[PDB]
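Colleague: Each chain, letter by letter, is given below.
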Amino acid sequence: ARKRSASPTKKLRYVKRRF
Amino acid sequence: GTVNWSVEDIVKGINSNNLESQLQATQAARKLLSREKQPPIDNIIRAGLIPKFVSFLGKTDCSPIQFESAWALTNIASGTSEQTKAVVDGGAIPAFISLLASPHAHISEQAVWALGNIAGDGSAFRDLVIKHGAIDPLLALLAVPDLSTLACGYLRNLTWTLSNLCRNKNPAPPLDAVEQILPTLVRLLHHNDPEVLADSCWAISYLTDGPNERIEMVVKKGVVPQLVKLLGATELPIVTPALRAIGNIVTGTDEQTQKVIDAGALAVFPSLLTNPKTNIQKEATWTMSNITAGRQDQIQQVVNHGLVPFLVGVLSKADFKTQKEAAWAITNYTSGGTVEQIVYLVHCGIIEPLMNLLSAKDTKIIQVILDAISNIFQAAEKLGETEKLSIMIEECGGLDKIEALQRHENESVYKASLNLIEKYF
Numbered sequence: 021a022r023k024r025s026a027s028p029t030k031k032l033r034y035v036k037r038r039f
Numbered sequence: 072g073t074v075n076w077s078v079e080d081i082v083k084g085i086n087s088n089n090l091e092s093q094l095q096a097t098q099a100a101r102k103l104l105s106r107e108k109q110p111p112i113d114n115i116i117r118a119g120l121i122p123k124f125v126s127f128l129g130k131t132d133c134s135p136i137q138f139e140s141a142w143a144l145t146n147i148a149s150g151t152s153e154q155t156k157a158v159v160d161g162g163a164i165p166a167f168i169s170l171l172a173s174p175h176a177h178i179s180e181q182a183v184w185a186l187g188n189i190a191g192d193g194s195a196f197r198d199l200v201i202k203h204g205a206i207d208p209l210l211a212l213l214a215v216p217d218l219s220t221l222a223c224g225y226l227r228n229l230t231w232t233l234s235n236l237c238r239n240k241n242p243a244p245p246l247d248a249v250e251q252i253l254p255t256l257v258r259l260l261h262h263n264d265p266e267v268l269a270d271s272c273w274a275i276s277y278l279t280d281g282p283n284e285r286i287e288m289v290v291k292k293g294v295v296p297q298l299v300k301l302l303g304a305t306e307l308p309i310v311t312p313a314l315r316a317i318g319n320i321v322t323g324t325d326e327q328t329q330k331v332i333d334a335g336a337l338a339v340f341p342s343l344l345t346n347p348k349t350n351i352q353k354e355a356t357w358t359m360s361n362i363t364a365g366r367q368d369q370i371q372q373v374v375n376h377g378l379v380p381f382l383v384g385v386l387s388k389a390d391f392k393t394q395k396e397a398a399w400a401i402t403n404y405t406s407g408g409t410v411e412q413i414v415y416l417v418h419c420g421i422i423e424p425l426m427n428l429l430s431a432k433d434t435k436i437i438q439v440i441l442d443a444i445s446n447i448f449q450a451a452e453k454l455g456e457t458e459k460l461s462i463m464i465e466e467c468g469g470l471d472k473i474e475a476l477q478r479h480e481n482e483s484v485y486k487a488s489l490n491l492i493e494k495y496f
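Residue numbers (UniProt numbering), protein chains in the order written: chain A, 21 to 39; chain B, 72 to 496.
No wet-lab data here; the hints were simulated from the structure.
All C-beta atoms, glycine included, are put in the ideal place defined by N, C-alpha and C.
In the BS3-like style, the derived pairs of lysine-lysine whose C-alpha atoms are separated by at most 30 Å in a straight line are:
#1 A:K31 to B:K388
#2 B:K240 to A:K31
#3 A:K31 to B:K108
#4 B:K432 to A:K31
#5 A:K36 to B:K300
#6 A:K31 to B:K202
#7 B:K472 to A:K23
#8 B:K388 to A:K23
#9 A:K23 to B:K292
Which chain B residues stay away from chain A? Per the calculated CB distances, all over 12 Å, these:
#10 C133
#11 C223
#12 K388
Listed next, with one range per pair, are the computed distances between beta-carbon atoms:
#13 B:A304 to A:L32: 19 to 29 Å
#14 A:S25 to B:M463: 29 to 39 Å
#15 A:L32 to B:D160: 18 to 28 Å
#16 A:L32 to B:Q477: 37 to 47 Å
#17 A:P28 to B:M463: 34 to 44 Å
#18 B:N283 to A:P28: 14 to 24 Å
#19 B:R106 to A:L32: 19 to 29 Å
#20 A:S25 to B:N89: 55 to 65 Å
#21 B:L246 to A:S25: 11 to 21 Å
#22 B:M463 to A:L32: 39 to 49 Å
#23 B:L246 to A:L32: 19 to 29 Å
#24 A:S25 to B:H175: 39 to 49 Å
#25 A:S25 to B:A176: 36 to 46 Å
Chain B on its own, in the form it takes in the complex:
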């Protein structure tokens, strides 16, 4: 019937002034564009079919052709930036926004999907979709007493499109649009569907990936406790975005970081810092590094939750990126911590893994480790116990690594190693 048509046949059908022939040709185009391997998007564009599909989007009298053209244009817009641009240049944004209010649920869903692709292209098309007024009808589709009444796929597509409206920086989404979307996003963040939860967490992670004012916009809605609960979830697709969001939040002020701590986040990090998925370990160690850069009371809460031994463990054995994040965490700890907190860090066994990491090739991690060692030595100076620490480093074999780094190509490593050896060895 409409299977395995040539683009020539599709064009002949769509060029006929018979709406039923046009519908069948558009369905053939949809089926061609829905094939697993290499859909002929470029051939369809070159045939000049995008304007015809956009015109069909407005055939209120023929809902099937609306649906077929919406599907075809969705799949064209799923391709390269040039193909999405081809869809946009045909005038598809306002037509899809108009279809958002269609009485046919499948057509409205297809329009949601298409606008999601368009906005997902980048910040320019995102903001253009916003300027055409998509947020109001999109959110109206979700203004129901109980989200569970909506079809699962429909709700998932709406959540994903909203997440794409929150995505990308340079520039970040308009502030008024973020404020308009956030309430519905919190409501979705309390939904029970794993995919909806994952995409809501991804949206929140986008919104928190910026200055402290954006983070404040998010945290003032009260989402941090729910984010921590989701941090404790079993599904990795949920934990990953939740963890990214929590990390973004703790990159902000001390008060926002304290909101993360007050919600019980630290209690989850024994598992996160031992998670078998390397990316979770890296992201959790980076989050810990930003928490240890906080106040001394926040460092103390890190201590009380027994997380210093887990940092020692990650420093001792882990993927090198995770070990680098752990070195950052240790240096921040030693920079902001009290003498008591620093000696506790040493008592947990940080020196040996920290010295073993000086064998790496990355210069910046070497500089970070040397700064942490300098801070620990200052702490030991205020206690007059520098010789015990020097003996601990020498027995470990770290003095050899430092006197070797004296000959490092980088100037900062050279000077820091020489300062350490001149002042304490």
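Next up, chain A with everything else stripped away, as it sits in the complex:
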């Protein structure tokens, strides 16, 4: 019984445009 880490996030860039 080993611990299983989270799967890789597919969103690699988090950015926001100011409207």
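Using the hints, position chain B against chain A.
Modeller: What follows is chain B alone, placed relative to chain A:
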């Protein structure tokens, strides 16, 4: 006035040595870059305007052009990695860091936003923003007796930028930067604004997505109880990151997992394991799978909270990804549990859903289910009740599935099914 300008007109205005014409052209560029559909970022870059905007960032004598250029550069940096790189190559990082200390709150906020975009590009630009010394002024902006005195949007932008400074791995953020940011992050995690809470939880989830030492850095600040409280929140944007953080924490040592259990987390899982949002169910079942991989006393606390029936329910009906997480949880339970805990698991009705899941196409879930069945059979051997379990599996129709898997393409499934049928059937 400054609406619907051509890039040619913007360039003509910015190339003039009239600061007011430059300001109006920069505002026109900002408005062009703030349009809903397809802002012409590439045209602005190709016109060579980024160096001009970066230079304007330093016009302390003209705060409006500072603000307009900061907004324009923020929006350029919000695009592709190449466009963010174009902003960085113009020297914008130190100029924005210098603007963080501006006496004009809107300019400081815009600089926070721009640095957030730059750091959100990835780990390289994140660490470069850190090396230029952004953390100290960013945190100084939050060194106030009561966060409620700050403007809501200002505080939200600061929280989001800090979260981006905690984001990404390979490599993870520098340890000293994490230690510098964490106290303010806990303070924000105790704020009342839903967006600030959501972004603080996302930051904590980033920081806990790593080895046990990072998890320890986080849990030694005492955040786990607050994370559990937020796990119990009504707003999904808060519950989702809180749940990811708790799951990350329980991927660590048994003592960190026990800190999660001591804070009352299990009491929330009846709702989480029945949550109408599939992602919450999947993440909660994965968290449960990592908790059942712990000590026998931790498995026993899972039992006492009445969560085994909820695992049976998720195994019986749920999205296949959630059912796969539930199969993992059952296999870990049977691997680490006592004989009494395993027979309790069987008494709750695990066998029928577990057998019904052997009809799936995924090989790994089949292997996991067969391992769990082997563990349950070992438990029944120590009790001399293997025949009752064999009858329970045969009446369910699982013997058919196992003798069919005997002909499976994978070697491990083949051998495990044959071992089960040779040893117990």
